[PDB]
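> Listed here are the chains, written in short residue letters.
There are 2 protein chains.
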Amino acid sequence: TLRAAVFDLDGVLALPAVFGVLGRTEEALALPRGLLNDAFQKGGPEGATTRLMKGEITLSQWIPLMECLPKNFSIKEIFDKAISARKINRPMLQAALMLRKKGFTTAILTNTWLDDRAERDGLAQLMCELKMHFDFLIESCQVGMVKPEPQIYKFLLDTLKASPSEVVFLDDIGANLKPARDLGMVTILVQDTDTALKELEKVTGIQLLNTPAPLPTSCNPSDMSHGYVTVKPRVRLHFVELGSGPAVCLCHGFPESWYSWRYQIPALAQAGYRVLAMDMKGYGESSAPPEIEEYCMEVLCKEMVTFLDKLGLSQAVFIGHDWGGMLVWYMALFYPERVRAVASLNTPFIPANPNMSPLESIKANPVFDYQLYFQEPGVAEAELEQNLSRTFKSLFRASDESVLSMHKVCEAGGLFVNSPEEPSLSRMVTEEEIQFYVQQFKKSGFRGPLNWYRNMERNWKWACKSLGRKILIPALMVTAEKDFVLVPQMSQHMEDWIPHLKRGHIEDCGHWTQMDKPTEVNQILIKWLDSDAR
Amino acid sequence: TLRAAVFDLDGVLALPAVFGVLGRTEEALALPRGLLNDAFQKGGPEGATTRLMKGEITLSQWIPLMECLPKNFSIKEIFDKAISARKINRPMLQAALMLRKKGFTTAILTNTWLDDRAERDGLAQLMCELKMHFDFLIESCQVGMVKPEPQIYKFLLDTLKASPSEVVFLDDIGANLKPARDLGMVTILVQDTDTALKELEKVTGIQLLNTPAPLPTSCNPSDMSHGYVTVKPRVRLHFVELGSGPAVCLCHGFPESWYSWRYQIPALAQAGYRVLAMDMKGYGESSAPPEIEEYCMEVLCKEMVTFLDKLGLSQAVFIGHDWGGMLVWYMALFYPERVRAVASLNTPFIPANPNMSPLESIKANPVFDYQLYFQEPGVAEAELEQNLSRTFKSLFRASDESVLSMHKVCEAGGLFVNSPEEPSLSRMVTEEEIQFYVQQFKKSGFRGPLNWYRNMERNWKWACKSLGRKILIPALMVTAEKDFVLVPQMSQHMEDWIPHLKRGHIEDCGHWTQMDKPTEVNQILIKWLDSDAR
Ligand SMILES: OC1(c2cc(-c3ccccc3)[nH]n2)CCCC1
Ligand SMILES: OC1(c2cc(-c3ccccc3)[nH]n2)CCCC1
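Residue numbers (the authors' numbering), protein chains in the order written: chain A, 2 to 68, 81 to 547; chain A', 2 to 68, 81 to 547. A prime marks a further copy of an entry chain.
Worth flagging that the hints you see were computed from the coordinates, not collected in a lab.
Quick reminder that beta carbons are idealized off the backbone N, C-alpha and C, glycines included.
Watch out, some of these pointers could steer you wrong.
As the list claims (entries may be wrong) - What the simulated footprint calls covered on chain A' by chain A, stretch by stretch (three residues with Cβ under 8 Å from a Cβ of chain A suffice, anywhere in the stretch; the number is not a length): (1) 29-40; (2) 59-67; (3) 166-178; (4) 231-237; (5) 294-301; (6) 504-515.
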């Protein structure tokens with residue numbers, strides 16, 4: 002019985018193989034077969050390459066291997094092209110990801126070097142992306158041992174804390190497979206990925222090939238960088254930070270958390286962006302003052318500006334969902350100099366009606382009756398705080414899983430009057446994911462979050478000041494087909510106020526866009542960021 | 002008697018003035034005098050410009066002002094050049110900085126616009142740099158009021174919480190000065206900065222002109238973004254983060270804090286870098302496990318790699334001082350792919366002697382006898398923790414202020430045997446700055462920090478593995494003339510191991526480089542970052 006899987010980097014987790022080059026260089030440059038790729042191996046265990054793979058010398062020290082050849086011949090150039098062409102073998106990583114999800118201890122065992130080239134970042138980025146998905150990364154140059162030497166396999170077994178018979182070992186080199194096999198490990202010679210995965214599938218008894226498209230990488234709260242900024246005495250804002258590049262500020266809706274962006278955080282960071290996933294004022298680890306006025310759009314926007322000020326950021330791309338989407342449009346209208354680009358999921362931009370009170374506007378639409386239920390302080394707090402597990406299980410559901418109506422809420426006397434005491438677990442969320450929201454809401458409750466709805470008149474007066482303005486900065490509107498509150502049609506006239514507005518649309522998607530359709534959200538956002546936000 | 006100072010942005014805190022352009026455009030393009038600059042003012046209070054300055058419309062909406082002129086004529090281009098040429102009037106900001114340090118309430122009052130141009134970041138950066146140095150920033154487009162209207166001055170007075178006679182008002186426009194003067198405020202017509210400062214000097218009774226060069230901007234701990242990363246169960250690393258751009262990781266020495274970089278943090282962020290000022294393992298808000306082995310170079314370096322991994326950073330420029338400088342050279346030798354560039358202040362790179370034990374090496378040099386005193390667990394902790402204020406006041410001193418010898422420490426039985434109970438406050442530190450270090454050291458004490466010295470044999474064995482390597486990545490060595498422990502001569506042979514090594518040297522500088530000579534440190538580091546780290 003097996004509980005561990007070991008993968009080689011080159012020719013297994015990363016394709017094309019490092020030595021696929023050479024074979025290609027010799028052929029292309031019409032050089033004698035094997036000359037290059039044998040001069041590279043010169044001296045064997047006492048040679049320059051073994052010293053490099055053991056970490057005795059760096060790649061730049063090794064470049065002068067050194068060793081008729083033409084004028085336009087460079088080992089540096091051949092190796093730069095080879096390392097840069099090498100991309101993650103996605104089906105292989107997907108299989109490793111599946112085995113780990115199924116309880117396996119996963120590891121990368123590779124014959125690698127200490128890269129000190131000017132272009133070393135390319136490989137550093139690749140290793141950073143791969144290493145996060147595995148329990149261990151064993152590099153020859155770090156341990157001072159190499160494949161095929163028997164010592165590295167005994168080291169591998171020690172790190173895994175497993176007997177040889179409990180381990181699968183995948184490698185593209187037969188010589189490096191042999192010591193694993195002779196110790197009693199299950200081995201796979203990797204030629205084409207498909208047959209290697211068929212062999213891995215048969216041995217583990219787990220479906221790896223032709224499996225449904227997996228969900229994007231999520232976040233483990235304890236493995237994140239948590240940031241804290243005091244925006245004013247007694248008001249501190251919490252955020253989760255990941256990646257380098259242009260700052261992308263993610264703003265959640267009601268009754269959410271930074272965790273609502275769990276599928277977007279790794280994806281956007283990987284796309285070349287510095288992600289700042291907020292816990293909005295009144296939520297999670299951010300401060301939750303009791304006063305209603307502390308949650309009016311003007312104060313919330315001013316505090317987001319202070320957040321940028323204190324972090325030393327002149328600009329950030331503002332991506333919002335729900336109430337976050339609303340704030341995000343107001344950041345673009347009142348502080349365009351601080352907004353690099355603006356994007357909203359579900360929340361349209363509707364200019365304020367100066368001739369109609371917001372209470373008149375809300376009463377005119379029956380979908381918005383829950384907003385009137387949210388007006389009286391204490392009422393909705395009591396219902397929502399009564400049973401936190403019930404609250405999140407009832408709300409966080411796909412379009413087909415609906416349990417709550419949202420209509421006639423005030424007349425019925427609550428959101429959960431037609432709802433079960435023990436709602437079933439939605440396909441979008443795990444029990445553990447629900448419990449995270451439960452734990453975050455135990456700190457401050459629903460007073461702060463609900464206060465976002467208690468400034469209708471205040472927000473209306475402030476928004477009326479921007480009635481003569483137009484949003485001329487890069488903007489994106491993402492509509493969700495099955496959002497029965499924030500309907501795609503509500504966005505129809507936005508081009509009148511945002512002429513250069515770009516659009517995205519997600520079919521079979523409910524209100525909880527980020528967790529309902531994570532892959533589609535990431536795809537739309539990355540495409541727009543790369544084209545409009547740099 | 003005065004306690005408040007108000008400055009205009011244009012033609013006062015920022016030069017050249019916005020309208021210096023036009024006068025220059027008309028002249029250069031041989032257009033009728035005033036045509037441009039009057040068509041701009043068309044309609045007066047009901048005109049397009051007043052609507053813009055009140056925040057009714059954006060700058061891009063205003064561009065089509067609109068209004081024989083040539084083919085190669087563009088208001089967008091004229092305004093882009095004008096805004097980009099405008100730089101901070103450093104002597105004016107320096108004067109504002111002096112008044113605020115002397116107890117004054119400072120404010121910026123400006124007739125400005127909502128900038129939504131593609132090049133809006135330039136101005137956003139300028140405002141971000143200026144606003145941090147003032148109590149208030151009053152923008153016409155945010156308040157819906159403009160200069161010269163009497164309402165903005167009553168608003169100014171309200172925000173300042175001061176009577177007119179307590180306020181100095183500086184402006185380059187006579188019309189906008191008049192309402193402040195007629196209310197009873199002291200006013201200054203700003204033409205040339207020197208006479209304006211002479212007038213400001215006479216009225217306040219504070220020296221503003223020809224004052225000694227001020228210290229760089231420092232950090233107020235409560236105004237910083239504090240980050241926290243768990244590198245392994247029970248080990249969390251704390252850092253202060255400021256700025257955008259390439260990640261610059263600052264590593265302090267013994268017995269320091271992230272705060273030792275207080276003068277570098279704002280400067281490097283302003284230079285276009287993302288500063289991550291660490292609380293090294295065993296210090297401040299970072300975890301301090303008791304075990305000695307937790308502080309060996311191999312573990313500390315591995316944890317710094319995990320820190321980059323969890324933050325989603327493939328690379329960071331590593332700048333270290335003292336023990337931080339040592340770690341930083343080992344990051345370059347063992348993880349070159351994760352180090353964009355490497356810089357050390359005072360700490361030279363000396364390869365390990367494989368034929369001599371580190372205890373033999375330490376005994377051979379009498380300057381290093383304190384390291385032998387630091388060996389026995391509990392001994393140095395007791396002396397250093399006895400009186401924290403005394404510990405920091407005795408250590409943090411300039412080359413001329415020496416109170417401790419560091420020689421014959423073991424024979425004398427301590428670092429402070431020749432030291433006073435109440436040492437005088439060094440010129441480098443304030444009482445408040447000393448108290449910050451006192452408060453940070455109250456959490457974990459000196460066990461963790463001292464354990465950095467308790468791995469001599471372990472560190473020696475690990476360093477011996479890198480003896481065949483060379484540092485080929487961008488590197489900088491900064492020597493301090495009067496550091497009597499980390500002498501500039503100790504660095505003499507570094508070119509043998511780091512061939513492309515760049516150098517910096519600071520005269521009349523002791524061991525505490527960052528606080529001794531902050532201006533010179535910032536200048537050397539920024540110059541090197543911009544040339545070698547991108
Ligand atoms: O959070 C809900 C919600 C979301 C909004 C909203 C308010 C303003 C703008 C956008 C959305 N209002 N209400 C969805 C589930 C139950 C209430
Ligand atoms: O912190 C001190 C110190 C600094 C170092 C050091 C150790 C290793 C490398 C560089 C410096 N060893 N000791 C300076 C004041 C009292 C001790």
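> A separate judgement is required for each hint: does it hold in the structure or not?
Outcome of the hint check:
| no. | hint | in the structure |
| --- | --- | --- |
| 1 | 29-40 | violated (count 0) |
| 2 | 59-67 | holds (count 3) |
| 3 | 166-178 | violated (count 0) |
| 4 | 231-237 | holds (count 3) |
| 5 | 294-301 | violated (count 0) |
| 6 | 504-515 | violated (count 0) |
Consistency with the previously given hints fails for numbers 1, 3, 5, 6, ordered from lowest to highest.
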